[PDB]
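Asks: Chain by chain, the residues run as shown.
2 protein chains.
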Amino acid sequence: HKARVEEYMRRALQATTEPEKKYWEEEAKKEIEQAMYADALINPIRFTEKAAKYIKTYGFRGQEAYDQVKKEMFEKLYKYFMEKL
Amino acid sequence: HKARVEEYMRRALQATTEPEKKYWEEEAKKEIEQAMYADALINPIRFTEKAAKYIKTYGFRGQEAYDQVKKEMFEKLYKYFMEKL
Numbered sequence: 006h007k008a009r010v011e012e013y014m015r016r017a018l019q020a021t022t023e024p025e026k027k028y029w030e031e032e033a034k035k036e037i038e039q040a041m042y043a044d045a046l047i048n049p050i051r052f053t054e055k056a057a058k059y060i061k062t063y064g065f066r067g068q069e070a071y072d073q074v075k076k077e078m079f080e081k082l083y084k085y086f087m088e089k090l
Numbered sequence: 006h007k008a009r010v011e012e013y014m015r016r017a018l019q020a021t022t023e024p025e026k027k028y029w030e031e032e033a034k035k036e037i038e039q040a041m042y043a044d045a046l047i048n049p050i051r052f053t054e055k056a057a058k059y060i061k062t063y064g065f066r067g068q069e070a071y072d073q074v075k076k077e078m079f080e081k082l083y084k085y086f087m088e089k090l
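The listed protein sequences correspond, in order, to chains A and A'. A prime marks a further copy of an entry chain. Residue numbering for the first sequence follows the entry's author numbering, starting at 6 and increasing by one per position. Residue numbering for the second sequence follows the entry's author numbering, starting at 6 and increasing by one per position.
No false leads were slipped in.
Identical copies go unnamed one by one, so any copy, or any two together, can satisfy a pair.
With a straight-line cut-off of 16 Å between C-alpha atoms, the simulated EDC-like cross-links for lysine to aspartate or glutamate are:
1) 27 with 11
2) 89 with 77
3) 75 with 54
4) 89 with 36
5) 89 with 44
6) 61 with 11
7) 35 with 88
8) 7 with 32
No wet-lab data here; the hints were simulated from the structure.
Whole structure, please, built from the sequences with the hints as guidance.
Replies: Shown next, in the form of structure tokens:
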């Protein structure tokens with residue numbers, strides 16, 4: 006994961022158009038989210054507690070990724086419990 | 006919720022066949038689960054932390070209900086994160 010993000014950011018800085026820069030930054034975001042999906046597969050609640058560890062590894066892009074993963078998983082749970090009611 | 010469970014247990018003790026007893030005990034279980042679905046709609050993580058409060062209100066039947074709700078929601082999350090990987 007970490008090595009893949011560095012290559013993506015190596016490509017984003019090399020780029021001179023905002024389309025390519027955003028493309029590679031989104032590749033980096035999606036790679037980080039894959040790391041979080043694996044942690045949440047084993048323990049979703051611990052995932053919601055590891056925001057600090059993700060920020061240490063991935064910086065602000067890690068915050069962005071964590072926020073999206075967390076948000077989409079609570080939207081799934083919301084829909085789930087509305088159905089059960 | 007609490008009043009509905011008491012009526013269900015009023016019916017279960019009045020019954021003399023194990024089919025009716027189990028039916029009313031399951032009605033009580035399902036009513037308790039409706040209370041938990043509403044708490045988890047607002048905050049699923051707090052739901053996983055309220056086991057003690059459910060036991061105080063509903064006793065062993067509350068433990069049974071909490072265990073089923075918790076188990077089925079982690080099975081949903083497991084399937085969810087497997088898809089995302």
